[PDB]
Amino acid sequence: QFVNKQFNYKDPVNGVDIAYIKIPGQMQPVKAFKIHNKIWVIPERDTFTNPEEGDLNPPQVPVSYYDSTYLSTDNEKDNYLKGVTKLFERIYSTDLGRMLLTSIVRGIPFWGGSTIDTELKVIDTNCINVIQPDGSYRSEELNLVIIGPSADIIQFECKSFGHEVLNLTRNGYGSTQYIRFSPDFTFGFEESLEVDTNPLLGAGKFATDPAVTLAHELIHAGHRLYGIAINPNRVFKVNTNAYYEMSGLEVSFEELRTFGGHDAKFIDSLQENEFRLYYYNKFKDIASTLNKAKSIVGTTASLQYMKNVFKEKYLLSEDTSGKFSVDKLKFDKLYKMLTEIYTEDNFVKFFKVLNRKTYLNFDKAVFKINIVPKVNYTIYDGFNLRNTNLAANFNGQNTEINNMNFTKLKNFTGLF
C-alpha cells in the first residue's frame, strides 16, 4: 500500500502524521494528515496559498462550479481524506503510477536557499510548520500537499511558492507542490471525437475517472518538483479546431506534454530539443552549485547526506573526490521518463478507462460523485466494477447506465 494508515478525520492529533499545521499571510492552523513520506493532505478549501483568493464566492466562466459550503463539515473532510487515499492507491496499484509516485517522493526540492556559495541551505517555502505536542512549531520538509479547491471547485491545479529571484519550477530546483483537487466531482465527456471537440454538442455521457485527473496533476507536480516545467508563456496558438480559433484559444505546451499522445506532438522536434537542452543546462548549474558547497546550514542532515539526496534525485555522476557532473545520457533518460512516460494518455492505458482523447476538447458537464463506498468505486476497477453489468464497455463510467453514481450539477454545452 502507498498509504499505511486509513486515517479518519476525527482521529486525535499526534503532532507527527496527524497535526495542526501552517503553510509558508496570517492564517489559523489547519488539521493535516501525512499519508506518505513527503506527502500531506489538507482537507480544507484552499483559501491560503494565494492572498487574492481568500474567499469562496464567485467573482462565471462556463467551466466552473461554485459552492462556498463544500468541504466545510467533518464528514465531508473524512470522505475527502478517504477519497484522496483511494485514488493514491489506485494510482500506485499500476506500474506506471508506482513509477510516478516514486519519482515524486525522490524529487526533494533543491537546497538552493543560500546566498553564500560555500554553504548549502534549505528554502523555507519548501516546508510546513507543524505544531508539536508541546504547542511549539517545528519545520518539516515536504514535496507534495493535496488540498481542497479554492472558490472554483473544479479548477484543479498545481500551485507552489516562488522565490524572490529563482524560478524554482523551471530552473531544475523544484519546490513543494500544492495540488488543488477534489475527489467529489468529475467531468463528463463524449465518446465521439467530433462531438467531444464541438462546443455545441453533447451532454456528457461518460464520466472521467478521477484517478486520471489526479494522475494528471501529479504529472505536473513531477515536472515542477524536478524544475522542468515549461513556462506557461509557451503556448500552441491552436489552429486545429475551428472553434478554438474563433475564440483565439491558446493551450500551454506544459498541458500538451502532460496529456501526451498526439497532443504532445504539437510541440515540434526543434522545440523539444530546445527544452531538453535548456533543462540539461539547469541540471549542470545544480551540479556546479553542489560542488561549491563545503558546509551545510542547519543541524538536521549532514552535507554528505544532502549531496546524496540530490545525486539520487538528478541521477548525477560522482567521482571519487566527490565531484558531481551531469551525464547527458542519464539526463535524457530521466527527462524522458518525467515528460514522455508519465502522461495522461499512458495512465488511461493502465487504468483501462474511457477518457478524453485530447486536451483540445470542450468539457460537457460536471457531476457530483462519491467514490468512497466500495459498491461505487474500487482501487482495482474504478467505477467499472468486475463481475457486474458495469465491467463491460466502460458501463461504470456511463452516466446513463450507472446513473446512481452521478448527479449532474451543471451543463457546460451551450455556454461557450
Contents of the next structure:
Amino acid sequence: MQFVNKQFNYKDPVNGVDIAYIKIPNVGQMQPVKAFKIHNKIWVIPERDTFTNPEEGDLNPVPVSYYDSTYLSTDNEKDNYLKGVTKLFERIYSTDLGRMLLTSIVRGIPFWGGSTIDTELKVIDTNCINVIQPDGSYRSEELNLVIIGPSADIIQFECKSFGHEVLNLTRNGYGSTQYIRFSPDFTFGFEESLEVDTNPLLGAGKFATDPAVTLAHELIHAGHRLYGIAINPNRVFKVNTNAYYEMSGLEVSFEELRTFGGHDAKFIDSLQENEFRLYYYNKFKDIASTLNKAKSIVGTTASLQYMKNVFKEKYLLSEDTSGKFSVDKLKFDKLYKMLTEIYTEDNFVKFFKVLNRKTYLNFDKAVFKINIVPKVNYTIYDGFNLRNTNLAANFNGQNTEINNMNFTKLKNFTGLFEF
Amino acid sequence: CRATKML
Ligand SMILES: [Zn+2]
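The form deposited with its partner chain bound is what I want next, because the block you gave corresponds to the form deposited without its partner chain; please supply it.
Time for the whole complex; same chain goes first.
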C-alpha cells in the first residue's frame, strides 16, 4: 500500500482539488503558487520558501550554509522535487515506524481553538490554506502539513508554523499546521568515526546522510508541534561533553535532543522529563475542559459531534455517558511517549539500516548535490544501498568515495568553524 | 537540522 496514490507531474493540469493554485495565510501579500495534495491533510509546494517569514523574502545571501538563488526555479527542477519528496514519503511509509509516525501526523488535526466565546468551537484560519477553485474563487481547506522548498539558505531545513496572537499553539496541546523547509536535491556528509565526526577540524565527509532520515527528523518535529507538545526552544542543554562546543558556548535545545533520541535524549534529566510530561498532561486536560464547554460549532462544514470525535481520536480522550471528555493518564503517557521516544532520528536509522550521525552533537563536513529520482540511483526500499549490487554491503551506496557518481561535493565545512 | 545553526 502506498502513501501517495498519484505520481504527480509538475506540468499536470490544475484541477482545484489536489493540483491547485493556493495561498498560505502569511502576513502580507503573495501571488498564488501551484501545489500538490499528496495525501489527506498533506500538501507539497515545489517553490523556494519566500512566504512564511516576512524578513526572508529573497534568496540572496553561517558556516554550514549554502546559497544558490536559482535552485528550484525551473519546471524540471520542480517536477524532480515533487518526485523526490514523494519517494521519501514512500520510503518512510514502507517502514513500520514511518507508517506509525505518518498516521499520527494525519490524525493530528490542529485544535479548533479559535473561538473567544467558550460555548462555541471554531477553526483557527492560519491552520488552513486558500485553494483556487475551477471558478476562480477561493475556498478554505484545513491541512496539517506542507512541504516546501528552502528559503535563501538551501540547507537550513526546519519545521515552522504560523503563530497566534495569544496562544502558543505548538506548546499548549492545540497544534498548528506545520511547514517543513526541505530539499531532496542535496545531502550532508558525515564521518564514520565518532571522534572524527565530533571534531570540527577533521574529515571531509566520506559518508552521505540518507535524505529519508533528514525528512523523518523534520516530520518528528512536526509531530511534536501538531500535538502541541514541543519543548520551548529556550530550554537548552549547555553542552559539556564536547570541548569544541564548550569553547564556543554552543547550547542545544531539549527539543533537538529529544528528536534525535538515543543517548542524546538522556541529557534531559528525569526531573525535567517529568516536568514536561506533567505540563503537557495539564494542557490536554485544558483541551478536554474546552471541548466540554463547547455547545455549538462555528461554520457549516463539519458537525460538532464529528469534530469532538476528531479530537477524542487525536488526544486519545475518554468519553463517558454524558458525552463528557476526560484525559486518562495512562493513555496520555502512552501517546506522549510514542510521539517523543518512539519517533526519533535514531530509531529511523535502525529501521532504514543506514549509516548516520551518531549524535546531534557533531560538526557537519560537506554538502553534496544528489539525484534520488532515478531508480538506478536510489529506491524506496534500499535508499542508496541498492540490493544485489556493490552498493548493498557496508553502506557502500552512502560511501561517497565508492558510489562517487551519486554525489558532487559543493562545499566543505571542516575548518570553517572558528577553531 | 544541525546544532551549529545556533552559532
Ligand atoms: Zn531538529
